[PDB]
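Before any questions on binding or motion, here is one chain by itself as structure tokens, the form deposited in one PDB entry.
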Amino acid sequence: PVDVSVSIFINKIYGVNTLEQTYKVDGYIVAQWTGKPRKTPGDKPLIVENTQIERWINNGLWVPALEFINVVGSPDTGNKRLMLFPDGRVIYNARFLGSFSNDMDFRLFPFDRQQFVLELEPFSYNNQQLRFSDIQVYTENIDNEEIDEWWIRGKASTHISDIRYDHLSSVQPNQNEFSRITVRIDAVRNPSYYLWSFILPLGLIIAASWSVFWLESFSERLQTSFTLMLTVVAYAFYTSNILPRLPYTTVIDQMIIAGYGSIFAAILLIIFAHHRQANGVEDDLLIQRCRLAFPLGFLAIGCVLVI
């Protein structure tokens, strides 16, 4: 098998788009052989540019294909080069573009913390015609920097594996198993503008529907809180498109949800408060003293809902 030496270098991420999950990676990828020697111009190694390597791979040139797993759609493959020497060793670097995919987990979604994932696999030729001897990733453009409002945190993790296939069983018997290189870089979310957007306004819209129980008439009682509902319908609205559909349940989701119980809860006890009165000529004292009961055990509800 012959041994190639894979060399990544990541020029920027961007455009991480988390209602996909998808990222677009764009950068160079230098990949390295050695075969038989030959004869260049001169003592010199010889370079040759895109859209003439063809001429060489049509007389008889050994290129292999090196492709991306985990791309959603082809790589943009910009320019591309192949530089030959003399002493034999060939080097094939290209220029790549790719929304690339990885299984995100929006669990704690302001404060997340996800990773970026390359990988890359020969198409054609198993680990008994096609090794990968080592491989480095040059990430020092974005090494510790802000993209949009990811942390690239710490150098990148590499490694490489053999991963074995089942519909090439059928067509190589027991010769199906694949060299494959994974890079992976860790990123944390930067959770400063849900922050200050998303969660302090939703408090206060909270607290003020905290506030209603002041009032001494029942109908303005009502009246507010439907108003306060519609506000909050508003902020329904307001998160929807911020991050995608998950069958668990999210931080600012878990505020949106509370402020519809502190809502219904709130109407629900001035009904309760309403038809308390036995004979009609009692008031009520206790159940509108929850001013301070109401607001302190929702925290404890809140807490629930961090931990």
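Numbering follows the first chain given and starts at 1. Under this definition, the rigid core comprises the largest set of C-alpha atoms superposing within 1.5 Å between the forms. What changes on going to the form deposited in another entry:
Looking at CA displacements between the two forms with the core superposed, a shift of 2 Å or more is confined, among 30, 252, 63, 243, to 243. Shown in the overlay between the two forms, fitted on the rigid core, is a CA shift at residue 195 smaller than 2 Å.
For residue 150, the Cα coordinates differ by under 2 angstroms between the two forms after the core has been superposed. In the core-superposed comparison between the two forms, residue 94 has its Cα shifted by less than 2 Å.
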Second form
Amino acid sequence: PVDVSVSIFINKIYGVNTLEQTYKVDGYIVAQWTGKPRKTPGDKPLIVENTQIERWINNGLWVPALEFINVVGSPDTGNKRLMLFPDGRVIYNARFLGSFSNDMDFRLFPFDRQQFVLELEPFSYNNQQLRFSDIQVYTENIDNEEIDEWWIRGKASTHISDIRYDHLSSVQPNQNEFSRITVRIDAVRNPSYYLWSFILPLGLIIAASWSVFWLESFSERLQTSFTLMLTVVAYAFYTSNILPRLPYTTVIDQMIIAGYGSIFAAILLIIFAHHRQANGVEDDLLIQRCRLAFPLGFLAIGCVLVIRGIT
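Give me the form deposited in another entry now, not the form deposited in one PDB entry.
Chain only, nothing else included.
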């Protein structure tokens, strides 16, 4: 069992695709193992660069294929290098840009924290255990930069497992177990653009929508309700266009549905207050109580949705 020692350098993580759950990683792979004691010119390490590798493998060199289990498609391998020492050591270095995939949950959209995962595994060998994994990730930013979309929390976390494929069953003296190197980087979204542009103005719009009860006659109250509802649909479109596509309702979309509910409740209460014989036009005490209780009730249901969302 040849022991392969891996080291992954991460240069940048970007381009998260919310609907396809795929991000993009760019960096380096350095896999080092020990072979036979070859002889090299000058008794110095020999360097084989990009296209001259493929004429070294044809001669009989052993370069395994380390594939990314979770990549989508095929990584855009740029320059690759292969340095052969005299005592046997071989160091295969390559630069990759891949569009990886994971299982990400965007339900708390503006405040969510994700976990970017790379999984590495030899393509075709099972007695080639990957011996020791290291990540240098110090090139993301200075530290959780305030102009960055994703603040990365702490260093990357590595792991080496023995994945068992129970469908192969070739001879099965433990002949279907592949070593696997999993790395996870914890990231947190930057909730600043989505808090000062999409949540504050919507809070202002809803709180102003409660002012319709402050008017005087029934006709103008019910008239300006329709304008308010038009405002809300315009805002709902504004938000929908900018925000990423998703198959489920985020935190922001629930605020918009709450706005729709608030305006519909305003129309219902306006109509009811107009058509009760006790308070048709006389002694309209219902409207004052409504001004007292409508904001409190909406804030109660807002706290309910917050507590059911954070859970």
